[PDB]
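Shown here is one chain on its own, the form deposited without the named molecule, set out as structure tokens.
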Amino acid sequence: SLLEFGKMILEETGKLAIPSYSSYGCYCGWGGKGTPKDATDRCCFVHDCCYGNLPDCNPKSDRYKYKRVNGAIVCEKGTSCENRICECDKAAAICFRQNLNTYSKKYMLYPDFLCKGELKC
């Protein structure tokens, strides 16, 4: 659910999901269309794509459990939706950590209309 995810992002990057990753580039946040603007935006696009192949799950509200095995995010057993949602989020937290260096504030609050071009999952 968005609660586990927001916590995950914070633990990883140190930043708060909102407003850092709630309105970034073209895919972080509310939907997306166009070309991801940078690496951090590519993480969002892939995450969206991840949620994308779980049609009958509900990522934003289904809660799941995860532990930390000396740094490592470890998704605990749940329903098949919860396990797979966890894995989606997990990779985004990491993808974020892994591209902090290029996180650019120029892309926070990016306007819709500049999200031009096309891109498939």
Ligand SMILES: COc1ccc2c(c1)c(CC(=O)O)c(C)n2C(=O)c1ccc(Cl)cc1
Second form
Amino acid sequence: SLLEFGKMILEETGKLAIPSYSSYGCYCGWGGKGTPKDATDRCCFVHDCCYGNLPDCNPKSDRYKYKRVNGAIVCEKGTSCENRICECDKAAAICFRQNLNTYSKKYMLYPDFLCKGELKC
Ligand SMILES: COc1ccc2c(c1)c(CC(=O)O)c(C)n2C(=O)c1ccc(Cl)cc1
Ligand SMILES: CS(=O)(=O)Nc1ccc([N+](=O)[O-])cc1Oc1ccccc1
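Target state, the form solved in complex with the named molecule; input state, the form deposited without the named molecule:
Next comes the full complex, and the chain you just saw is listed first.
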């Protein structure tokens, strides 16, 4: 669920999920169409794609638990929907962490019309 994810994001990047990530590029937060504008945008894209493989789960409201083994994010045994979700968020977390150095503000609050193009997961 978002609470977990957001907290995971803050620990990892030091930036707050909302609003640093709720309206970035074409895929962070609003999902939908387009060509990811950048690495972070791709992270979000691969992430939306991750929730896409769990049709009958509820990434948003289902809560899972995770811990840190020295800085490592470690998803704890829960329902199977819970485990698979958590893996999906961990990746996004890492991913964001891996491209902080190219996180660009001109993609904050990006207008929808500039998000057209095709991309299959
Ligand atoms: C590729 O992108 C997707 C696809 C489906 C999604 C989401 C993101 C998010 C993610 C979001 O809002 O960031 C949620 C919550 N999805 C569903 O609940 C869902 C539920 C029931 C059926 Cl039968 C099919 C899909
Ligand atoms: C899930 S939605 O319809 O895509 N809204 C939404 C998108 C991103 C985030 N977030 O924390 O990164 C949080 C989000 O929603 C909330 C807004 C305020 C308080 C709690 C959740």
